[PDB]
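Let's look at chain A:
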Amino acid sequence: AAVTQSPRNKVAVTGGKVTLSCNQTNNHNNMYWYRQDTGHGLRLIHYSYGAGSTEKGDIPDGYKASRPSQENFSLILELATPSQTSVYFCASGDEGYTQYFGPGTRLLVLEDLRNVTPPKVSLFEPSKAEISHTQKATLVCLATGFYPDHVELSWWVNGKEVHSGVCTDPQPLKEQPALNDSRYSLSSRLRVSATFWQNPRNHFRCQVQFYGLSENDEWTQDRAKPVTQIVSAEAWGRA
Partner candidate 1 sequence: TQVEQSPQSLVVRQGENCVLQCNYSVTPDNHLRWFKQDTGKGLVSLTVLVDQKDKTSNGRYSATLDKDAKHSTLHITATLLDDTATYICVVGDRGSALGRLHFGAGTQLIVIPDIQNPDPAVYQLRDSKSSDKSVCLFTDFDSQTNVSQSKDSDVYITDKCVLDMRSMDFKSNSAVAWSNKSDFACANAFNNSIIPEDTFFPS
Partner candidate 2 sequence: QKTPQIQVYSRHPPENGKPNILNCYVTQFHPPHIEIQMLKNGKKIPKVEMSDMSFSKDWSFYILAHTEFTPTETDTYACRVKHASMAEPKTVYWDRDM
């Protein structure tokens, strides 16, 4: 019994309209919306017993629910506020007690989209010294100059994602901590065996999924519109 959520990550502005969608194919009658905030457990916002039915939860203020169909339960934020910055989980279930949870949706509500900026991604090739000393090769990826901190860095080898030998900073660091809306930087490592790096047929790519403005968001600046996008750096293996 599986549940999906869209979007998975959203940056929005105060006063903006945000819609969080949840889809289940299990033919479950019942669906639920939760939000998770550090220092609290999950709290119920709205729920549904069937299509056309919506019910107030424990913290329903600021949220409107929509159940047009058995498959879709939708959490609508008509006038978004910073207090609605949270991780949002959706769930479904039949008549039993078990609720099956979605992967979550990270939402950030900013006061102004003035400073939103996509990252610059650089890939750094393993040290020759490291290869000879350890018989292992560490690649380093660097995402710099982005705002806000809503990025997803992933490693790809030959068009396939890899998690083995990967470490990404648990939090991005601030580039100018003194400044108010500082830009961020994030680092990650992919360590492989020397012989695997030495293979010229292996394509290495570091991908950063940045979350920013939508095509519908108003942009009043000269620089390129900081839309949700992918920026990636790439290198081939060498002898």
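A quick word on the picks: all candidates are chains of the complex that A comes from, given by their letters.
We take it that contacts are C-beta pairs under 8 Å (C-beta built on N, C-alpha and C of every residue); 3 or more make two chains touch, one makes a residue touch a chain; residues count from 1.
Candidates 1 or 2 all belong to this complex, yet only 1 touches chain A. On the side of chain A, the complex with candidate 1 involves touching residues 29-30, 39-44, 89, 93-97, 99, 101-104, 122-127, 129-130, 133-134, 136, 138-140, 142, 164-170, 173, 175, 177-178, 185, 187, 189, 191-193, 233-235.
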